[PDB]
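Asks: Turn these sequences into a full structure, and let the hints steer you where they fit.
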Amino acid sequence: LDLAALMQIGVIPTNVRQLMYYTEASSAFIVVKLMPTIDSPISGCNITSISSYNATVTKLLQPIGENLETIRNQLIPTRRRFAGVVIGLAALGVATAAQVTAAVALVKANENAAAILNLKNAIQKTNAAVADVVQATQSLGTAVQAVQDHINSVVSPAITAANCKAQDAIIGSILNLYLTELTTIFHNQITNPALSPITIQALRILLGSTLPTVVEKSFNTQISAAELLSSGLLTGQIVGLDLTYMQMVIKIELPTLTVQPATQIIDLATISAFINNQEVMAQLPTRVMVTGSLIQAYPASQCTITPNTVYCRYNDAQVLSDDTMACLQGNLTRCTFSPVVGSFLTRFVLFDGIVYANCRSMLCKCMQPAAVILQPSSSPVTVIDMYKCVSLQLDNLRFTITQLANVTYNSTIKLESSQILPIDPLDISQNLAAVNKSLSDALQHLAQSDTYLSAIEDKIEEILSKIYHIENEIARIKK
Amino acid sequence: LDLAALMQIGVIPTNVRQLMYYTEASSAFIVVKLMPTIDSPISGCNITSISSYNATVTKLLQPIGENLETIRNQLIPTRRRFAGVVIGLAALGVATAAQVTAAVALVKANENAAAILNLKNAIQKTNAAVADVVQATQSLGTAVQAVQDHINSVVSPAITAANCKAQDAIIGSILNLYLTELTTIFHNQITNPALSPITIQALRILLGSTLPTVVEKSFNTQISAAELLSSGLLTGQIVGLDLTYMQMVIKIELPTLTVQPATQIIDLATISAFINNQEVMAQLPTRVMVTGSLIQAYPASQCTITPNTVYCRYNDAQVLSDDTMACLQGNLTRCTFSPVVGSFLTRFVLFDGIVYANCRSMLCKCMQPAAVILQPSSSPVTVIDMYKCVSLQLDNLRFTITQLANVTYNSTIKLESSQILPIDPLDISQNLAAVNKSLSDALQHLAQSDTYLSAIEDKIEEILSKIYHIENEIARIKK
Amino acid sequence: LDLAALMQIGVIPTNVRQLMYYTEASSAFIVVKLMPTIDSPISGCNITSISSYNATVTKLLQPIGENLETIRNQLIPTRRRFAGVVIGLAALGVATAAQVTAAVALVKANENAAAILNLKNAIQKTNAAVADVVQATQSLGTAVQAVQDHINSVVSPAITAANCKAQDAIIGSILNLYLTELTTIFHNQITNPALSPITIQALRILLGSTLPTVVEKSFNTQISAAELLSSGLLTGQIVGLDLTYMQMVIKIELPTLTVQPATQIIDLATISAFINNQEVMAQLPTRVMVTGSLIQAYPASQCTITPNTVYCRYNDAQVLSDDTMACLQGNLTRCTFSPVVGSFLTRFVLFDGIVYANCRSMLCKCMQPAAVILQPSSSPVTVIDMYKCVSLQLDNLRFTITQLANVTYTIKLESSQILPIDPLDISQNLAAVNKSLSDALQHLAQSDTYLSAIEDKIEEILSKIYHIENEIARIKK
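Protein chains in written order, with the entry's author numbering: chain A, 20 to 100, 103 to 500; chain C, 20 to 100, 103 to 500; chain B, 20 to 100, 103 to 430, 433 to 500.
It should be emphasised that the hints constitute simulated quantities derived from the structure, not laboratory data.
Heads up, the beta-carbon is just placed ideally off N, CA and C, and yes, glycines get one too.
Keep in mind that a hint or two might mislead.
[To be verified] Below, a list of computed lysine to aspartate or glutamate pairs in the EDC-like style, where the Cα atoms sit at most 16 angstroms apart:
hint: 1; chain 1: B; residue 1: 238; chain 2: B; residue 2: 248
hint: 2; chain 1: C; residue 1: 499; chain 2: A; residue 2: 373
hint: 3; chain 1: A; residue 1: 487; chain 2: C; residue 2: 274
hint: 4; chain 1: A; residue 1: 458; chain 2: B; residue 2: 437
hint: 5; chain 1: A; residue 1: 487; chain 2: C; residue 2: 482
hint: 6; chain 1: C; residue 1: 141; chain 2: C; residue 2: 153
hint: 7; chain 1: C; residue 1: 129; chain 2: C; residue 2: 274
[As the list claims (entries may be wrong)] Here are some chain A residues pointing at chain B (derived, C-beta under 10 angstroms):
hint: 8; residue: 145
hint: 9; residue: 149
hint: 10; residue: 153
hint: 11; residue: 155
hint: 12; residue: 228
hint: 13; residue: 251
hint: 14; residue: 322
hint: 15; residue: 326
hint: 16; residue: 372
hint: 17; residue: 373
hint: 18; residue: 388
hint: 19; residue: 452
hint: 20; residue: 467
hint: 21; residue: 488
hint: 22; residue: 496
Replies: Set out below in structure tokens:
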């Protein structure tokens, strides 16, 4: 990966990050009370809010239920503890690898799950936003209720036949709002929805304001709850669910990471360059992975990026074409360019105190000393340090330079207009039909250059006939 | 379609679904009072909240309002109805067919909107989050107020002039929130904003806590309320507005669906294959429609998906090349592929108990009877069933296999490297540049082959004069 | 740009808009009181929610604070003679143009940021939702606090020991919810996270319910709050921060838009046309920018759009191919078409009263005069005006057309103009052409052979002559 040489067609390494992989996945358990608890006593009042919200979050979770059920019915992990073997995966119908992985993790968590739903009665009757779940002075985990705090702060100490409508109103408000938010993250599309991942998004919905407390509680680490809540390291799998109690057990995994050595992930941005009288930019991957002499396109989409680090749980590398590699590795005659409509924002960056600009599409005016800086055609973009200028101006934006670049250049860079391609499907599809046309010109041309041959070969046959007759009439002369 | 064939190249049918079209909707009329009622008595103070709120909400609706007004005037103007034909669509300006359908729908509801809006004052001074609406035995619709119960549970049954500023500041903290939620869904960008459909996303902001209630009573249907709230089947269109009263009549529709016969919607996954010493993936549409001898690409990205069913009001079929068409219909030699960087997640898939995997790129370690499973280059993917393995170890995954695969075979498929194409545009472009260099070099070739053709016409002339002068010195010999 | 020719193949200009260029900004200052003030007396009770909130939030801001101070220490404007010339930019490291713009912005607002931050003690002790910030009878900015009101509505008049539990509960439940939101908009992936623009989405979260009120307070203009809040005009930058007090200074900017002359942003949509037994669709930019003789693709994706006007901070202009430029300018034989499975939805539009449709694909049933409209092969689309049909029916729709043609204008289009645009079908084609180039290469290499032979024949000639030149030479006597 030759960066030095790549900066001479505007290709700027914005930041260099270290790649991360997971050694083991630290875990914790979570019970979600879907129904809030009442401490107030109810008399001569049928609170209609609840017999409905019950029915509906029950309907909403009926798939995840029947699936947790069908699977647990046909898991059967032989011995498990220690290392066992899962039996009868055909129960999943068709499944992907990530789905099968989760199918087995469901089976392991089975125990800790049942251990938790064992105590559903306690958990239900307990009134808290965030309670501990205890058995034998050990914690099986945390149980949460996203609205309880809010319920507590609003019901009458006593529900009477006077309070009825007014209570069943504002309970309904709170209930039906949380029910609307559950109706996003719980649409059922697929065949084994129990196995579906719970995003850090779906989690913020389920736990509500309880989330920060649970993150501080469920995991202990050098990681701050700040960066832990903010990134997307956290993930969950539904591992247990009782409908009648509306309690839903969720395994939550925080992966322990470590550097993968001799690998870097480098983001590439491109300023505009001036080459063969067009304003273009390099056509390269915006971020690649580099291990030794290997290079691939590394878009970290779902992945967790930080100033010095990328954690990809997954791996979505794309392969790089032969020119593209060549391009990245020094041979600039294989870099591919494309016309762009430059702009101030896209026509220069700033690198450790030095200016890499396209000083031709854009005006580079030096202040000390003041001389409009012209960019030669043998230079696609322009480097600017202390020597070329101690005080730059650019439009309204002005600054000084203390920085000096290590020479390390030695001109020049020759690139043919054939390195300037369409990158657009339509543009390309057009350039293709053109070549096809040209090729049909060369086909009709051949068929025509083959009628000439048939001619010429036939004129040679006449010359042979003439020659057989002369040479024979010479034999006729025997004297 | 030949799903059997495709499997042998890593192409897996994940879902098969009925396709459902819409043969008529059921509708409900909601009215949204954006201004909640304040029953409690005042004393010598102005509630600044309701001031800036009346102002700011009213101005936000102005485009929707002015446009509602125009169309209603120019299409069917205080004439005696209707039904049948709509007049003067020129008022729309430039309209899409959806916008034209909306317009007819608006003037078709004109009367029922008018009916509900007669009672604007009864409604507006009624204190209910969810208010029924009836006209002397005639069910007209349903009034709703989004923040009603959250102001019911804060209002001090009397407002002094000393507790004024203090209760102003907390009505204008809730009013301002529900306001901020409104500034999102009500931009004005297009020419006829009153025709823009209301999405379920938008209905959730407008109706807030009231939505599941509305959904429950608005439609008498078999479909659950959990389904409706969570799906996408719900859509709305504004049919009436009154800025003074800040009420908005919204019509809400629920499509009645029927299964489209002899059609299925098929999802196709690709695991990676090993072909001509490469790891690749087949390049095909990930979801397709199939009916009779037909096959179209059907990415139902905006449609509603359940496990058996795909409802699509919007029919967006992509049409397929004859190459792809032949690939899916059986002829594997026409298929295309592209290089990929396999991961554990993409190298396999489990299919009714039977593993399909790239046992080249990935180690298929069979545990009992212990063996590395090898994958002959003849086979692009391996089919693991009871015979090849009984208990399989794919990294952390250990699991039995007890079934036998259907014997449609044999492994006699040969695949050209001319079948491994690029799909990234940048690559496809480079490849085109390379074909064009190659045509340009086959054009310099026929040029030179035309130069020889001229040079030989020269020689064979110069030969023809030699034979003359020769024939003549023969004639010249008379003795 | 021949729009009227374009319409003949179903290319419809559905919007015509002005374009606005950024001129100046209107700067306003905000201070987010992150920590709400609590007037209730506490007695023998450690409200734990505060200290967790206080800590968790302080950690969350570590990057922005550091990167704030790092730049303030290193940058310094401070010029001399006589412009806004700046020193020491190597503190930003590798940073893009737009962020260097943000850094000089950051370094101008020093004096005013530090002036506001001098009043920090006063601000933190003032229990107010929205609240002005003054020094020497001068309004410097507004001091907001997203939860102050909700707090006040629920915290008990005096916090006792029989109180603590329900009280620490309800207060954490406010503090945490707001804290959770804080984490969706604060996450450093990048080098200098203090120059990261603050979206309108961020403000709605960062200021909560104070946002409407604080927007009318800070901006004198003819754009109302409705417009101001509904659009993407509102941008913010972080210009200061005190971690001890949990107060963050934010500079809102509201642009000043002036019309760009001779420039227009036209939206092109496409109905489906019938061309050579094929249902197809012109392949054009959905959106373009036209200054007289010039045409660029202008799909304004991150720009504010009103029915008459379009504003962008910078440009998303892309350069058009020559064929499409030719197609846009009236040469219909330079157009590119691809096949589609059109719907009722893409088979017609309405243009100021007149119906432009595909009466081949879709049934254009005419209710008066009661006949079916058939579309000729010469015609890609049909133009139905009042003369064609006064009363139309398209599926379930029935309407009238009373407006009149304005004919003005036929065009012949080659099946070759139909191409794929989906990178796969293109790639399969590029292969099929390479396979043909191989036929031409073999045909060249094979005629290469009929040329070395046939040059063997002339060498036979040359010799067979030389030998009848031996005779005829020795036949001299």
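Asks: So, for every hint listed, does it hold in this structure?
Replies: How the hints compare with the structure:
With a CA separation close to 15 angstroms, the supplied pair residue 238 of chain B and residue 248 of chain B stays within the 16 angstroms bound. About 101 angstroms separates the Cα atoms of residue 499 of chain C and residue 373 of chain A, which puts this hinted pair outside 16 angstroms; it is violated. Pair hint residue 487 of chain A plus residue 274 of chain C does not hold up; C-alpha atoms about 95 angstroms apart against a cutoff of 16 angstroms. The suggested pairing of residue 458 of chain A with residue 437 of chain B holds, with an alpha-carbon distance near 13 angstroms, which does not exceed 16 angstroms.
For the hint pairing residue 487 of chain A with residue 482 of chain C, the CA-to-CA distance comes to about 14 angstroms; that is within 16 angstroms, so the pair holds. Restraint check: the Cα-Cα separation between residue 141 of chain C and residue 153 of chain C comes to about 13 angstroms, which is no more than 16 angstroms; the hinted pair holds. Of the pairs offered as hints, the one joining residue 129 of chain C and residue 274 of chain C holds, with about 14 angstroms between alpha carbons and a cut-off of 16 angstroms not exceeded. Given hint, residue 145 of chain A at the interface with chain B, is violated; its Cβ is 18 angstroms from that chain's nearest Cβ, farther than 10 angstroms.
Using the Cβ-Cβ criterion of 10 angstroms, the hint placing residue 149 of chain A at the interface with chain B is satisfied: the shortest such distance is roughly 8 angstroms. Look at residue 153 of chain A: its Cβ only gets to about 15 angstroms from chain B, farther than 10 angstroms, so that hint breaks. Hint on residue 155 of chain A is violated. Least Cβ distance to chain B is approximately 18 angstroms, over the 10 angstroms limit. With a least beta-carbon distance of about 9 angstroms to chain B, the hint placing residue 228 of chain A at the interface is held under the 10 angstroms criterion.
For the restraint placing residue 251 of chain A at the interface with chain B, the shortest Cβ-Cβ distance is roughly 4 angstroms, inside the 10 angstroms limit, so the hint holds. Because the beta carbon of residue 322 of chain A sits about 13 angstroms from the nearest beta carbon in chain B, more than 10 angstroms, this interface hint is broken. A least Cβ separation of about 4 angstroms between residue 326 of chain A and chain B falls short of the 10 angstroms threshold, and the interface hint therefore holds. Because the closest C-beta pair between residue 372 of chain A and chain B is about 5 angstroms apart, less than 10 angstroms, the hint holds.
Because the closest C-beta pair between residue 373 of chain A and chain B is about 5 angstroms apart, less than 10 angstroms, the hint holds. At a threshold of 10 angstroms, the smallest CB-CB gap from residue 388 of chain A to chain B is about 7 angstroms, leaving the interface hint in force. Hint status for residue 452 of chain A relative to chain B: holds, with the closest Cβ pair at about 8 angstroms, below 10 angstroms. Against a cut-off of 10 angstroms between C-beta atoms, the interface hint on residue 467 of chain A holds, since the closest Cβ of chain B lies about 5 angstroms away.
Among the interface hints, the one on residue 488 of chain A holds; its C-beta lies about 5 angstroms from the nearest C-beta in chain B, closer than the 10 angstroms criterion. With a cut of 10 angstroms, the hint placing residue 496 of chain A at the interface with chain B holds, because the nearest CB-to-CB distance is about 8 angstroms.
The structure does not agree with the numbered hints 2, 3, 8, 10, 11 and 14 stated previously, though it agrees with the rest.
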